[PDB]
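Got chain X; can you put chain H on it based on the hints?
There are 2 protein chains.
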Amino acid sequence: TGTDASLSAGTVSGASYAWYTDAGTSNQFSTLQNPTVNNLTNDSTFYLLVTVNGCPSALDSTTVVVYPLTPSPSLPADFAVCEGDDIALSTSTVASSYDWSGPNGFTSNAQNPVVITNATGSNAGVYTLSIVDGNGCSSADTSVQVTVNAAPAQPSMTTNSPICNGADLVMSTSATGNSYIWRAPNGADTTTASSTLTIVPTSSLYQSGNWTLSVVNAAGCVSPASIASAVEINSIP
Amino acid sequence: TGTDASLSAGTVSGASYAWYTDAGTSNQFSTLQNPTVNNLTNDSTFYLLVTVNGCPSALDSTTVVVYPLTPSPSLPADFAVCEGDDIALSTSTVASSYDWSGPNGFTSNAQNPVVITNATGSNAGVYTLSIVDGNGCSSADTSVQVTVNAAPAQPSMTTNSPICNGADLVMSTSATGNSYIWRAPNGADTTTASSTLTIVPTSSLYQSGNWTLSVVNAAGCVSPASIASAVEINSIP
Numbered sequence: 037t038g039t040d041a042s043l044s045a046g047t048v049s050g051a052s053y054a055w056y057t058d059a060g061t062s063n064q065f066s067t068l069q070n071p072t073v074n075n076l077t078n079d080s081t082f083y084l085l086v087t088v089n090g091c092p093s094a095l096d097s098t099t100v101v102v103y104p105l106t107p108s109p110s111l112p113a114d115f116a117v118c119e120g121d122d123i124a125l126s127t128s129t130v131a132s133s134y135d136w137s138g139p140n141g142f143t144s145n146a147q148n149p150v151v152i153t154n155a156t157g158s159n160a161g162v163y164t165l166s167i168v169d170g171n172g173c174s175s176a177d178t179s180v181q182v183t184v185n186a187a188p189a190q191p192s193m194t195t196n197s198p199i200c201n202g203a204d205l206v207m208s209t210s211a212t213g214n215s216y217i218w219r220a221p222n223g224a225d226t227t228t229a230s231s232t233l234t235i236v237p238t239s240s241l242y243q244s245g246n247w248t249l250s251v252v253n254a255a256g257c258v259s260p261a262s263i264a265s266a267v268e269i270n271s272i273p
Numbered sequence: 037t038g039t040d041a042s043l044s045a046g047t048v049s050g051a052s053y054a055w056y057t058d059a060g061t062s063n064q065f066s067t068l069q070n071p072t073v074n075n076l077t078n079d080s081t082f083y084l085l086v087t088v089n090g091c092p093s094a095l096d097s098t099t100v101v102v103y104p105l106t107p108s109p110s111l112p113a114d115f116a117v118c119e120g121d122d123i124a125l126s127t128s129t130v131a132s133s134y135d136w137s138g139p140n141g142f143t144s145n146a147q148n149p150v151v152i153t154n155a156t157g158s159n160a161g162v163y164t165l166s167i168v169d170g171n172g173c174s175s176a177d178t179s180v181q182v183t184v185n186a187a188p189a190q191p192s193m194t195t196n197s198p199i200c201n202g203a204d205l206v207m208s209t210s211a212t213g214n215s216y217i218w219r220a221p222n223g224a225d226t227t228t229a230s231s232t233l234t235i236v237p238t239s240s241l242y243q244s245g246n247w248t249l250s251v252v253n254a255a256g257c258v259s260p261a262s263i264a265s266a267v268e269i270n271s272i273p
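Protein chains in written order, with the numbering used here: chain X, 37 to 273; chain H, 37 to 273.
One side of the interface only, derived from the structure: several residues of chain X facing chain H at Cβ under 10 Å:
hint : residue
1    : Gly46
2    : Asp122
3    : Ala146
4    : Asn148
5    : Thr153
6    : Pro221
7    : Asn222
8    : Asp225
9    : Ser240
Simulated restraints, written as ranges between beta carbons of each label pair:
hint : chain 1 : residue 1 : chain 2 : residue 2 : range
10   : H       : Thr61     : X       : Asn89     : 23 to 29 Å
11   : H       : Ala41     : X       : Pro104    : 21 to 27 Å
12   : H       : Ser80     : X       : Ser44     : 21 to 27 Å
Under 10 Å between C-beta atoms, here's a sample of chain H residues computed to sit facing chain X:
hint : residue
13   : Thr143
14   : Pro191
15   : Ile263
Don't read these hints as lab results, they were simulated from the structure. For every residue, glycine included, the Cβ atom is placed at its ideal position computed from N, Cα and C.
Chain X on its own, in the form it takes in the complex:
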């Protein structure tokens, strides 16, 4: 639908040809044996008359069949990722070929493009997909905007001085965010709703050694970790 096509009469030696737009040869279309038709949008018909020595043969009708319009391909709704995430694009439809494009020269010929990892802010933008249905027709393009959010900078850490065992251990940051993450020297993970953590001596978090902190932003986007500080928990004489 929307393109041009040819008509084609057989060859009769010495014959003239004439094509007419309708039956009853009321309106002449052309004089060529193989004329073309422009801009076919739907099924139509043509009528061929063949004349030899001034005598026409029975009018020959033909139909040029117009393939039906293709559907737009289907992409997901506007999505959003953080810079620490990836961008996985795909389509749910069926095509003989896919044609994807995007912000960083992104491209793919598949229904399952390569996932962009480390999808930092430079990959934010609009991704576009066009398809071909295998019967020779393209489809109109559709697109998805991808938003890329980002983590805040690594927080600083303030802790108590060397502390003797049995006294409460306090750790805090000046960083702001939605929640705070502390990572114990042995890997223990604890979160808190505010910038200050207090560790009770009977806690599994009562650990000397190198501690780090990271900060949770809106929509995840956790900061890189802080530079570790060393906690020293001392014995008592």
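Chain H in isolation, oriented as in the chain X frame:
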């Protein structure tokens, strides 16, 4: 099966041609020397009449042979792997060419595609195979869904303080799972059904030095190892 084909009369100077859909020239098909036939789904026949100066020759029958439909290629049943595993796809059938596709732009022309290693969750999805039988016919596609499971995060480890030789050594984690793995400093491997391991002084596991733990999930999917802790086993005056 399913495509179009041509018929072809020999050339006689000055002859007209006529093709008929059946014997007895009851229904005319065409007037071309080399007409086409659309949508052949099974064997059919055509009848050619050649006429010179108004006199027909004996009716010439031809058969257009339609190759038989191809079988679908054969893929394995829905399989499943963990992120620490690989994905090995292959097909049991025979083709002149294979056409594989998948989630991360995965593709192959072989019956034995390259195995995806480090088959993390981004490779989960549906893999598809189409084939060509070598006689010019494609087969309908078939597909296999591949599920990718995943390991839990590395566990933390809690152990006893420096211990004197002869006292039982206890190691434990707060991590949850189906079973627990401890790795001794010299490589000794021991598993337990719960989070706490007790080591008897006469055991081969009575080892000072750096110990790690990993956790078994449902369907394998063993966690990355914990940060090693050091066990100190002391002498007695």
